[PDB]
Amino acid sequence: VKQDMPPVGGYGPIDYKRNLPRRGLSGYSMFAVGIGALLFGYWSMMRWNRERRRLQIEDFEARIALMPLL
Amino acid sequence: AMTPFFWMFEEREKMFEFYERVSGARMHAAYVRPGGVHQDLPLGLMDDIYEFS
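Protein sequence lines correspond, in order, to chains q and 4.
Quick note on PDB author numbering: the first sequence kicks off at 5 and runs consecutively.
Quick note on PDB author numbering: the second sequence kicks off at 163 and runs consecutively.
Only chain 4 is shown next, with the shape it has when bound in the complex:
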């Protein structure tokens, strides 16, 4: 069954865009570091997270 692959890889791309907005890289964020995280969340990201969820 090869249709749900294309059905949800755009949602996977949306979460890749969320990674892009929060860290600067689509896949390899290097965002979580010892001591917490590396950078704070940008303004307006959480509304996008809420809409997608």
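In isolation and in its complexed conformation, chain q is listed as follows:
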């Protein structure tokens, strides 16, 4: 006879339990990365703001030199 039957060795194991990976860095790592990015941005903004102040002083002194003719 022929009928719907599982095979001679049966069917294989089937996973039925939860599997969460558990991934990412430790919280100290992202805190250190954020703090380092903050410090780098602070340093770059400091340098560029000082340069901008120097350029503004230069432009203002050019204006002061140009004033009497106007």
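The hints are simulated quantities; they were obtained by calculation from the structure and are not laboratory data.
The reader is advised that the hints may include incorrect statements.
With a straight-line Cα cutoff of 20 Å, these simulated EDC-like cross-link-like pairs (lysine to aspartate or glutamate) come out [claimed, not checked]:
#1 6 (chain q) with 175 (chain 4)
#2 6 (chain q) with 210 (chain 4)
#3 176 (chain 4) with 210 (chain 4)
#4 176 (chain 4) with 209 (chain 4)
#5 21 (chain q) with 213 (chain 4)
#6 21 (chain q) with 202 (chain 4)
With chain q fixed as given, assemble chain 4 onto it according to the hints.
Leaving out everything else, chain 4 in the frame of chain q:
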């Protein structure tokens, strides 16, 4: 959250296809009857059930 609806309605459609193969209707099978069932399982269905599970 409207994404898992579309994520698992294809699995729901797969089981609807299993109902289709075993009884002949996608939803209203009328397969379980007093006295057992109405028809035997077709050949090759249980491999599909095992793969889906």
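- Message: Please list, smallest to largest, the hint numbers that this structure does not respect.
- Response: When the structure is compared with the hints, numbers 1, 6 turn out to be violated.
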